[PDB]
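Heads up, the chain below is alone and in the form solved without the partner chain; it's given as structure tokens.
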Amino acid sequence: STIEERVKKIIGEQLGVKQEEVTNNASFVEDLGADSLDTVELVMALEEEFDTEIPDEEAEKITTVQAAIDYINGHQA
């Protein structure tokens, strides 16, 4: 599996949205319906899976599925 597939799967699971709905251009809040808690829980789920901590101010600007995939490809070690 690819990072794209693994990140999309976690997002779908965390947000309770079907896979075909988690497109690379989808906005977590505007398109996937995420609320305040969802944001906190999503960020922590991805920090655990990919073993990397993201500054909260930085996570705040990651608004789309593609932005999350990019961060991960750029920071996981």
Given for the second form:
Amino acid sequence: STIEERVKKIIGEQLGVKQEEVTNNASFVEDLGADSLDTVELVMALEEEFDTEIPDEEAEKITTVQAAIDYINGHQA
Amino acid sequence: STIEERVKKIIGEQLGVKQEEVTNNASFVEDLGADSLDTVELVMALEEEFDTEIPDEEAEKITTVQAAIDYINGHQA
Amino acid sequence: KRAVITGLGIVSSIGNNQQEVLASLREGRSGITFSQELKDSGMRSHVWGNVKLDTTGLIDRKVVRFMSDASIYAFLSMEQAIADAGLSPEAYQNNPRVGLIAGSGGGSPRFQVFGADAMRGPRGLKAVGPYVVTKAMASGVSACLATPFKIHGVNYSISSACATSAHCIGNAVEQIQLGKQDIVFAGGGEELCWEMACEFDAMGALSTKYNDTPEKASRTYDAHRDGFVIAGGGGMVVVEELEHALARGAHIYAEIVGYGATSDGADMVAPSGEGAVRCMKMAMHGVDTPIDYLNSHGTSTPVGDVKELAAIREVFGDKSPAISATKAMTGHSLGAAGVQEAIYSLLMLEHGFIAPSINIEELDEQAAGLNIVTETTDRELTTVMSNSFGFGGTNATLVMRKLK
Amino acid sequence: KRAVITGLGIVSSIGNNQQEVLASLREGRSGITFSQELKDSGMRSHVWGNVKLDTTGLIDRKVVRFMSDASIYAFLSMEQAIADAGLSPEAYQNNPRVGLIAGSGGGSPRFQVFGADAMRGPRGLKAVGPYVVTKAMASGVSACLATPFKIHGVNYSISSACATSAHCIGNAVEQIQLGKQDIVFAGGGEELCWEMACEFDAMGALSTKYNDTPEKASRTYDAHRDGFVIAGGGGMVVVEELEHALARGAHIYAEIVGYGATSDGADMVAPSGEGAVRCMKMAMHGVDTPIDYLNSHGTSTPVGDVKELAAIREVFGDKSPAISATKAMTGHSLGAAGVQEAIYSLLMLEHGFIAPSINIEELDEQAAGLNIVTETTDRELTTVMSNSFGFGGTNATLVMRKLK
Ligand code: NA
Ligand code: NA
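Got the form solved without the partner chain; could you also share the form solved in complex with the partner chain?
Let us now look at the entire complex, which starts with that chain.
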């Protein structure tokens, strides 16, 4: 699929929520029931899906789904 | 140094005895206080100081100090 | 205060529940199979007592993410024990009177190696992950179980080599005797992997001769034994105060009437017998009933089987009980051996029979005079004893007796 | 049924015996240094609370061959405790009334990875050695110590993450309370290595933004705390029955007048406070005197310190006692923290002072209204309390009071 559908596919794949729940508005902790350890493992899979490197200061601000699409839409060269 | 003095250095350090207490006819268990696990560790230090394997069998015949001194030179297969 | 076993669950090498385990106990079936993983690592022992169970999907993702295989086996055993006890969440969850004492022998060597290879790998710290601590820690069994079951009482792991889950049970009984708890879940688990088995092979303690005949490797009291066969799995029993179990009409397997815990204080790896003698007599204290069956430690090792035999002589003498080493068919599940043998003893006491000590072709010369049971025998049992000994000369003995 | 502490022994980042510790405590001396090992492994946290001691050759060869660092630290600590208690060899050796309960948080990850690298190396099983099991197993501490000290009574390890050695002490008290033991050595130990620390770093639990200033990396209750600083070491206390200690004219530091051990049953990695409230109230039950000093668990973590503070508020209300987190000086010794912080509290009780909570440049807004001592203060203490919390929501609280 596309970059956003891939991003939306991998989070629900790791958060036990359906693809209809992962909205662009949604956040991991509040709306999706994720803890701090969940978001760590989520960053790890994001680095495997797109074969990219995500610094900890950049991975600190990916608090929502839209922040995950925004980061992937700018690191792929 | 000579071969024999290098195996005695091993036995004395692995078992915690003075170097001149490691006589050739000294038994590991009866004279040097070695037990089961001391035997396995003893054959290990021989493989590390020198550069030969001791594929078991020989390791079980080595009950005294002289038995080791014989097999460090009278073999090397 | 008196404590009773009110429920049990087990994931063993001879069954994935008390039904299957009973079917192997009456039959004398070996749980030991050939192990290919033990070959590929370069070990001399290619034989283990593995758990034949597909655990995928049996635990929630947010729960199993913290668990090693030892925690997985204990969780599945605790699920069985809860249901077998008739306990609903409103009776044991969020209850300060309900605790959990379950440990393992050494956490998870497998996931410790995983984190080290990940740290020393290309990605380094990025590849380790945030779930290796709860898997590698020594109290992973009690930690990974207390949170999902909402345990509010006592919560920790006891570790004492192969006497681990036996001490866990005795400590649970002590918690009830002090009046601090009404129910304590007690047990433990062990993962089965080469990272942990190869270190017993370097000691020369594993059976290595009977690789092409796996069901004959574990042969306690046989004159041709080769060392123990490593095994894994888990067990859990519901230790409950008597009046609390009677008030709600619980099913009571037996009452813990004795608990022994001593130390040899002599040799680090070889037992001395004197400690086992004091440990068995400490557990028989106040027990008016003779011991009808004794579940020996029986590691199928050259030295340990003899010293325990002489210890059994010194305590009984002429009034020896029926003796069977369940490890002959199950293997040595180490940290989970204690609770599993306690369950085997409970099943014999519950169903009135005695499981056989198999593979005793040529009996050991020092057995002489002790009624070993080599074939299944139906018998009305009322009092049963199980021995569990660990490295460092630590001993544990449990005595269970039918109620009333 | 009354238990007292009659001997201390400690090897920590602020002292290799109780005298050196007493000096560091009075002065607020940090024990945290820069670690080249932690930096070379590729970790973000380059600071630790190391033991400033070369243990090479301090223990007999036939004893240390089985030991990891956790057993070495605890062995040295027990030697000090034995001499401090005035126990001759004939008074505690080969004595079924004398036991030992000491554990570690996670065995020895270093020697576990060593055996795996040796097994997968060019030599394979030949390079592993026969001593990896006793080092890497979870009961290595209690087993490596009970054999040379000839312990004949109770012998096992308790594991409960960072409440480990605190539960050991409480469990030792219980053995005395029901008359099973006259003396139990309680404590623990913890090695310090990248194999164990890098797994906490992968969770984001370690202090990472103070590597240039190690002595203020551990800053409990400070607004800019980054996480805990890992530490190692060991500790051992002599738990004794009261009239037994009086009959032999022993020196009695304090009496264990309270012991709490509860569980959260909510979250795995973050405390809830509710369990700690029950744990503190459980340890204060029947204690007629107020708590003068409270050695908090205070781990210098963002969420850990505020939850315990909320728990302290609910427990004591307005009459909050003097609070100090020694982890700001020592770091977090994990399995050894419970016994070490109990020893710090005993030194403060015996010598009549309150060690300061250092590195509080800006007190956390959620810590106002409390009596957090930041400067060394002489004060006649009568009753002290120490909290210890671990992964899995397990809590332990010890209350110690001067005698007569
Ligand atoms: Na048994
Ligand atoms: Na404390």
